[PDB]
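S.K.: Okay, here's what each chain looks like letter by letter:
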Amino acid sequence: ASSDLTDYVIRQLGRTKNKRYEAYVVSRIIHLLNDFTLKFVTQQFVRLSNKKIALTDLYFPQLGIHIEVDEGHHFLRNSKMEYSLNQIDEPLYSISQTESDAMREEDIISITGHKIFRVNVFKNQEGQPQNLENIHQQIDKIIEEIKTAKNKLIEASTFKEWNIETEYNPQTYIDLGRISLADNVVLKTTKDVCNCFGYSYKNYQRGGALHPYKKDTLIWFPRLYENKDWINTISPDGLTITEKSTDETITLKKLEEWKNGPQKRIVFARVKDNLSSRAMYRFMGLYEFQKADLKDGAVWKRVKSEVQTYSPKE
Amino acid sequence: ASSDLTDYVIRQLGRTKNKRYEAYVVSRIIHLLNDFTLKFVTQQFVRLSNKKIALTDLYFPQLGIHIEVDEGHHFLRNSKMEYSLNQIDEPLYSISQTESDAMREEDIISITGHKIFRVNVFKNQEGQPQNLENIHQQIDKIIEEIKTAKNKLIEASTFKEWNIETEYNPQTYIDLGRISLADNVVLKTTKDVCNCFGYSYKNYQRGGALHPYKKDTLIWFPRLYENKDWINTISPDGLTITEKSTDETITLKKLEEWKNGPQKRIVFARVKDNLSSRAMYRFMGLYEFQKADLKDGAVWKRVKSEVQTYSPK
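Taken in sequence, the protein lines are chains A and B. With the deposited numbering applied, the first sequence covers 5 to 318. With the deposited numbering applied, the second sequence covers 5 to 317.
Quick caveat, the hints were computed from the structure, so don't treat them as lab data. We treat Cβ as the ideally placed atom computed from N, Cα and C, and that holds for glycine. Where hints are given, some of them may not hold.
Unchecked claim - Distance ranges between label pairs, derived from CB positions:
hint : chain 1 : residue 1 : chain 2 : residue 2 : range
1    : A       : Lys127    : B       : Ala160    : 35 to 43 Å
2    : A       : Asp251    : B       : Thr102    : 51 to 59 Å
3    : B       : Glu86     : A       : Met107    : 32 to 40 Å
4    : B       : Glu103    : A       : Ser239    : 46 to 54 Å
5    : A       : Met107    : B       : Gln101    : 36 to 44 Å
6    : A       : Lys127    : B       : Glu260    : 42 to 50 Å
Take these sequences, add in the hints, and give me the full structure.
M.R.: What follows is the structure in structure tokens.
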């Protein structure tokens with residue numbers, strides 16, 4: 005059933021448009037490239053250095069490449085969206101902090117290290133657009149950048165081609181032997197990520213689970229935003245996670261609890277699927293416990309970008 | 005400059021999608037075609053034989069070619085459409101008459117001579133969509149059909165390349181010597197079409213104007229739908245226009261005016277631009293007065309698909 009791929013691709017270009025020129029440019033890039041061994045995502049939410057949530061119009065996870073259409077603040081379907089200058093590698097289009105806290109549950113990644121190519125559609129801003137030839141040129145050079153990046157990856161043999169069918173299947177990651185941040189790993193449920201490390205579980209309703217083959221490490225399925233029970237945060241670089249609770253008493257009894265162990269946590273963050281609005285779990289890294297305290301609560305630093313996997317235990 | 009072309013194309017593929025698969029197929033068709041000498045329109049409103057309003061996803065006016073994606077009735081972002089079977093050359097997707105009455109002022113054309121290509125995105129519905137290779141195949145055969153159509157037109161030299169700059173300029177049609185139905189002629193204002201036939205005008209507020217070089221003909225700018233003052237209709241073929249008024253009395257007093265007045269009318273219908281929602285005037289042809297009576301009112305049949313144009317006096 006290759007149809008699933010079709011579905012995915014379709015819906016990606018079937019999103020309601022944020023920008024006026026977005027549809028044309030994105031569609032032309034995708035179609036002219038016509039290489040579907042490369043995974044792509046449209047309207048990818050990212051976190052800026054200032055903690056504000058922004059978005060990029062086209063995103064290749066394997067190549068870590070973003071593409072953004074540059075229009076003025078004029079011609080924008082979403083009020084309020086924001087057009088502002090940000091750190092050099094970060095997108096111009098951001099969300100107001102008012103709607104940024106409503107979108108917490110969304111799948112939001114870190115742009116650190118990623119490159120952003122921009123397409124400037126206005127010859128004279130505001131108003132009059134540039135000619136089609138120029139735009140097509142920009143699109144062409146961008147495509148060649150993408151292709152040459154892909155080649156740079158395949159020659160280094162670090163390039164793993166995209167398959168929808170096997171990517172949500174734990175067995176393939178067990179076969180790989182490791183789960184990496186570069187592999188951009190998101191699994192459909194807790195039982196799956198549990199089964200990566202040797203569990204046989206049918207279903208898992210709990211937030212955490214102990215690593216079968218390592219007692220020092222704990223598989224964690226946290227909400228990295230604030231909710232009813234907890235206040236959790238993650239730095240824009242993804243290096244540091246802070247954990248607190250709404251009740252200070254519970255944090256107080258969780259203080260010693262944190263202090264003794266397990267000191268390591270493999271983190272799979274609960275995020276909404278960009279399509280079909282369902283909960284998924286993304287691997288954020290392997291973290292180690294740094295500090296115990298009031299206010300900010302527990303502090304976890306990311307000691308590893310990869311964790312080894314295991315065959316089921318019996 | 006070319007910026008107008010750019011803007012047009014952008015907005016054409018930037019329409020809010022009616023269908024879930026529309027964006028992908030249409031955009032891929034346009035880009036893979038990559039011939040921008042070919043004018044195209046997305047979500048073109050058309051009139052069926054039964055007077056219901058339908059629409060096609062991609063339309064090339066020069067080639068008279070429509071392209072429609074078949075997803076069936078299940079996935080529709082618009083619950084304001086209806087899926088039913090119609091004549092072989094007519095689209096599967098129609099609008100309920102409730103909102104069809106909201107779409108009157110929109111630009112709606114005649115499909116009678118046009119051909120429609122369909123893209124089936126479901127191998128067998130219900131359920132699972134078809135694989136990408138099949139879809140790409142359909143899109144390709146459609147594209148090469150387009151190319152070969154364009155070639156049949158350029159060899160017959162009936163092909164006028166698309167130019168945004170000159171298409172709304174009366175001077176080009178005056179130079180042409182004729183305004184034709186096949187040329188798909190639409191002008192931005194009444195003063196322009198007036199100036200096509202020899203008038204010199206800063207602006208024109210009137211509903212109609214007498215043809216300068218023929219006392220026989222009247223340039224008319226009717227709303228071909230029903231409004232406050234008048235009740236007007238046009239057959240799906242575009243052959244017959246009926247003119248009545250909400251007041252039966254005014255129709256009765258318009259009887260003598262019609263029978264005595266000029267028997268020929270060059271008709272430019274007032275329609276909203278598919279983009280930017282502004283009033284535009286599309287050339288409907290040359291009509292001749294057939295009969296006037298109470299009830300049904302005046303009846304005009306179309307005697308010509310092209311009309312001669314003239315230099316100013």
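S.K.: Any hints from earlier that this structure breaks? Give me their numbers in increasing order, please.
M.R.: 6
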